[PDB]
Amino acid sequence: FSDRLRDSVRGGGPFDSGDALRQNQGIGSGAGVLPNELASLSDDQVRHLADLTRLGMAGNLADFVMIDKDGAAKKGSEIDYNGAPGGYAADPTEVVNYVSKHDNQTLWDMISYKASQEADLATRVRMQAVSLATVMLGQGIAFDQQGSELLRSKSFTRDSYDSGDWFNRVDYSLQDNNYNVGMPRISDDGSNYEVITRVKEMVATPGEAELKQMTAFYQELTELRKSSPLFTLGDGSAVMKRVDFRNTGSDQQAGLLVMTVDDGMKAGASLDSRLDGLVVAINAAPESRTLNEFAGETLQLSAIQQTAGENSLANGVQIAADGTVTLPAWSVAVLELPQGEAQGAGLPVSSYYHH
Amino acid sequence: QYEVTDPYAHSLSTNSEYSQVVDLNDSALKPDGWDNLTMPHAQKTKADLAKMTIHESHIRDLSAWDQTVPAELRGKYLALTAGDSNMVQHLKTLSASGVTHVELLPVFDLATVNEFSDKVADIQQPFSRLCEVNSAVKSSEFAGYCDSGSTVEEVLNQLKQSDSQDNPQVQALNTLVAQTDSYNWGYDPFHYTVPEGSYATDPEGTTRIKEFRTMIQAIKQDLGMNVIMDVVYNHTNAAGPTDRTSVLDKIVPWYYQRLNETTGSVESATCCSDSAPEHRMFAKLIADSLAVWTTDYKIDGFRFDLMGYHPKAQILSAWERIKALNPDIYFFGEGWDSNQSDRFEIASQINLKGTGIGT
Ligand SMILES: [Ca+2]
Ligand SMILES: [Ca+2]
Ligand SMILES: [Ca+2]
Ligand SMILES: [Ca+2]
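Protein sequences appear in the order of chains B and A. So the first sequence is numbered by the authors' numbering: it starts at 720 and just counts up by one. So the second sequence is numbered by the authors' numbering: it starts at 361 and just counts up by one.
What you were told as hints is all true, and nothing was included just to trick you.
Dumping the calculated DSBU-like pairs for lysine-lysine here, alpha-carbon to alpha-carbon at most 30 Å: (1) A:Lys498 <-> B:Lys945; (2) A:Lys683 <-> A:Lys580; (3) A:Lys390 <-> A:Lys404; (4) A:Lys580 <-> A:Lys452; (5) A:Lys406 <-> A:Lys580; (6) A:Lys570 <-> A:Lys683; (7) A:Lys610 <-> B:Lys985; (8) B:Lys960 <-> A:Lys610; (9) A:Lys672 <-> A:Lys404.
If you're looking for bench data, these hints aren't it; they were derived computationally from the structure.
Could you put the whole structure together from the sequences, leaning on the hints where they help?
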């Protein structure tokens, strides 16, 4: 299991107690982009979480070269994670990415602790989806807790092992996410009661509509993952020869995660007979963003996302004839490069370093 | 790592997917009395040459619309055998009044026509066929006609009625037809030394060789005119390691094509993928190709497309070489400025004064 992307997307780390549970926002809680009243996270601190997320999305590899928070070209193993080498794997199949598991706070509960008072129920639902997209659309193995598709809550229970049917409730009749059903266990969460009270009433409890909205988003993300062999390269060498990122460096826009996957002639063989390349764009920001990177590139939104319509995570994504992409706030887009009558040059990697 | 066809292929499978081992000297590939076929018009002297009166024709342009030509032979080399046709009899009278030569627009292996019958639809056929082959037609302003039991020819005449500069409906449907038709001039070389298969009754195998020869015999014996083959050595249809039609650039990458001095990108001055007749092996390819059309196909003259892109030295070299197989062979082409004078003395109108090569 990789704790690198987990902690970057969720915010903070386990053992966090008291106001730290609110102060330590994540890319998905709006660290930097939409701070909460208790937050004090710096721009470099926020940029470093982007660095860890990207590395994770590219299967947390030790040898994967990327442009860091400062503009330096760094191997995955050279990106720090609390004193440890961030990247450690030889192949993405050696990494399991996740943002929720039985142990520790549910993704929803973490967002409830970390989201700004300004983030309404609608944006928090998308915040959950955005968080999940980093796992679902990344080269590493996708893992997730049962119930994340139904905004699962444990009403702030950290170690729900013996918190019975009450706290660990998953409503399959979709009436609620089991949020605010009581104060969690005093023994292990008493030290967080003051933080819980501060955040508990900040936003309304999800209902049939919100759970259905989240299930639709979840099904979208998984459908996308299975929509191309480019999302699941498996071999570390394939990842390095095909995967790269944009909106990198010192000058980077916070919350914008842009991943490119090559199927072009310079990568090797045509893996997807329909595509020449892929673009994953995650705008984990309250402001809508622009993509001029793919200047004159002929891109199209995924058929999966186009079918979804108003219920899509890409709902409102603009692709100008001139190759400019407008990404709405709290949105995820899979921009695909269609293959012509033969494998063309696609989205070749920088090839800035090897080994 | 890829499997490529031979650039020196002399016979192919349908749509030039595989090269075929062949013996052009085989009686089986010859119409009766091919071996004793002679040039109906002399080309020995300047006075013999000056008599040259060329009629530049195209295989579809000749028989696509002629009803007096049996249906199965329309748009084919064999159409020239339809002795009792309006087209054949017309050429017969033109020949009798003084037209000496027939110039054939690309009859070598073109890339721009699918040789598989079932991946193609022509105007002669129902509109339904057009939609089956062409995905685009099913999602266009003409989608409604897929249901009608009328032909593409029919629908086209219907569109004429309201065709105007403000409503150019005839050409809009034609654009779509044109992607899945059998019609192209053919200035898109796939293989230089094999006849085109779509102008044959059966493009799988050697059939094309006997049929082409049969057309030559008909033109020279039955119509009494010499033959000029239009040639395109200035470009290849494609390059790079992926294009289906890249043959030369897959075998010896960066050799046969003319590349930009800075980027190494294949130049496209000619349109398409600029070849390099200035390089020794491509100059050899050109000469060896012309040898085959000269003796095995009994061609009397050659017209070089965008000849200005060739070095004058190459054209003269090929000419001396071909003259050893047929001393009365004529070479001419489009000797416009190609802008290649930085690289070599171009085969231009100006540069060819007194060489014997016509422009
Ligand atoms: Ca491909
Ligand atoms: Ca052909
Ligand atoms: Ca055509
Ligand atoms: Ca030049």
